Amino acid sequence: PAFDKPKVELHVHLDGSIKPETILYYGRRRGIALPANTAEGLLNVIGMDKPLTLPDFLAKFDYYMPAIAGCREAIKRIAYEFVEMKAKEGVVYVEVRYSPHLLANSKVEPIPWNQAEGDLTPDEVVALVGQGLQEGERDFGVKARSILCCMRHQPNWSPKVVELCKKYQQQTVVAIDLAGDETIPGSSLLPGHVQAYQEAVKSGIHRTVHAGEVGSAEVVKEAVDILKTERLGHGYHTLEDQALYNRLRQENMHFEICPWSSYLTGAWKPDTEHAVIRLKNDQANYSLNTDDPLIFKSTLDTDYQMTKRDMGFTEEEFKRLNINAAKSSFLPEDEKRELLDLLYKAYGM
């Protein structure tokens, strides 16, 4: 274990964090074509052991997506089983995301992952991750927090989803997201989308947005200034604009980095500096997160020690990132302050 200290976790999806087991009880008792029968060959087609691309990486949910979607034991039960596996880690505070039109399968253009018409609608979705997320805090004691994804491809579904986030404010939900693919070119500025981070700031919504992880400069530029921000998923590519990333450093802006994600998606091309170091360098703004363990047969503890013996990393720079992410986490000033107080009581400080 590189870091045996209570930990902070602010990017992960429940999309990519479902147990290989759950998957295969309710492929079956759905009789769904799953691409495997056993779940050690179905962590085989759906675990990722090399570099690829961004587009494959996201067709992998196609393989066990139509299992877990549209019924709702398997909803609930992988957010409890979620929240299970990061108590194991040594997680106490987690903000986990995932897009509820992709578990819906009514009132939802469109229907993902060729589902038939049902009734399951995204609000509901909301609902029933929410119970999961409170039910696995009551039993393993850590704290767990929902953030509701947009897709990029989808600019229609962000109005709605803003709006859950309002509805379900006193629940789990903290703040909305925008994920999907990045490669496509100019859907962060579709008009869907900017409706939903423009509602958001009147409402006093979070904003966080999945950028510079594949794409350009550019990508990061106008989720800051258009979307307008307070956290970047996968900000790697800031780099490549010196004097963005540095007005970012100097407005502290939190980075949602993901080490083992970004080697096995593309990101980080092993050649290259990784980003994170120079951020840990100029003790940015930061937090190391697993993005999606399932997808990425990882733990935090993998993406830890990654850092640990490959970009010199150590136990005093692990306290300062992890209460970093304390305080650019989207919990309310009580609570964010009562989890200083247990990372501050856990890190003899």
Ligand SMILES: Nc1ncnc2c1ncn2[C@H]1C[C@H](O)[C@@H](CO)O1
Contents of the next structure:
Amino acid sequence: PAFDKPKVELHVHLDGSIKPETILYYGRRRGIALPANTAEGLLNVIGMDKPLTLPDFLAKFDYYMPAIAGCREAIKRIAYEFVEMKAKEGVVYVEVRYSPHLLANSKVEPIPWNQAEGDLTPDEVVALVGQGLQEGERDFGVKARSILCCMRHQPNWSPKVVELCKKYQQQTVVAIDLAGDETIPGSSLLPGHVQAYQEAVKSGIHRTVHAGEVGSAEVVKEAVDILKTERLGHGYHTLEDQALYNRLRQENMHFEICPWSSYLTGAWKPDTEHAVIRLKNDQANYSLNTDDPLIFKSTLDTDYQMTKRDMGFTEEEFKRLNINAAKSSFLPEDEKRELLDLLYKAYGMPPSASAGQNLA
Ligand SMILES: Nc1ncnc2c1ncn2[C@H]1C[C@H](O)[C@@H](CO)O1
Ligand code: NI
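Having gone through the form solved without the ligand, I am curious about the other one (the form solved in complex with the ligand); can you provide its structure?
What follows is the whole complex; the chain from before opens it.
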């Protein structure tokens, strides 16, 4: 591997990380049609080898989400399996994000994936995911927390999302996100979203927002100034605007960078220099992340190898950015200190002296 040491991942979607064998198993067990009859064939349909666009990417979910949504057993299992698989990438801490509405079949309007109304609500989805993450953390040694996504095209869901972040804050939920199609005009300003983020600020719920992935620097401004985000998902197009980038650097904004994702969605064109190179050269605050590894056919090694091979990233930079990811995590401060101590020890840095420097 490019970096065979402990890693921290902050930007990865549970519903974009499901095992193809688990999809196949539940499609068969539930009698729900899939576009292939083996895992290899599923990856041929669902996976991406070449850049498309963000909407073409988002459409991949339609192929497999029906097999998983609405099933309590499948939901808890994909959470458990998510932790097990991330252990294999050398991850020691992961925040995994998802829309609970997109896994439910009741108390969600409109009901997703052409499901009939059932008895599984978004609230119970969150309980189930938390349980699978907690059991995975216990069995596999990877600390795992969750982030609940508002979706840009459904501001009606956002009050419930922040409600659930508050309800489940001691059952792994550490933050709220906003995901979906960033091009929807004025989507950042829809009252359901704005009010959910204000309620998050009031109630001490941490905040991340997908912005600048394929949207302009103006969407990033909305995320920062209107939604009060603490981290940016992707954030590449911040660099369209040198003044905005300067102000964000000054405030130590964390950028959740997804190098291979950014190629496959067309967010980053490969005949331009990747935004992460500027962040590295400027010693900015950022993390490396897989985003949707099922669809991108990737692991964190895909992103580390790309930055190492093509962008001259060194071991020292990989250590640095994982320490920044831990510092920018949405853990309580005690668990942050514990995570940092684990990284210092793994990295051969002096743990006491490093903790003492952090007091500044
Ligand atoms: N990086 C991304 N940018 C925008 N939207 C995204 C991204 N990854 C996933 N999605 C969508 C589809 C999922 O169902 C939903 C919840 O995980 O989020
Ligand atoms: Ni994402």
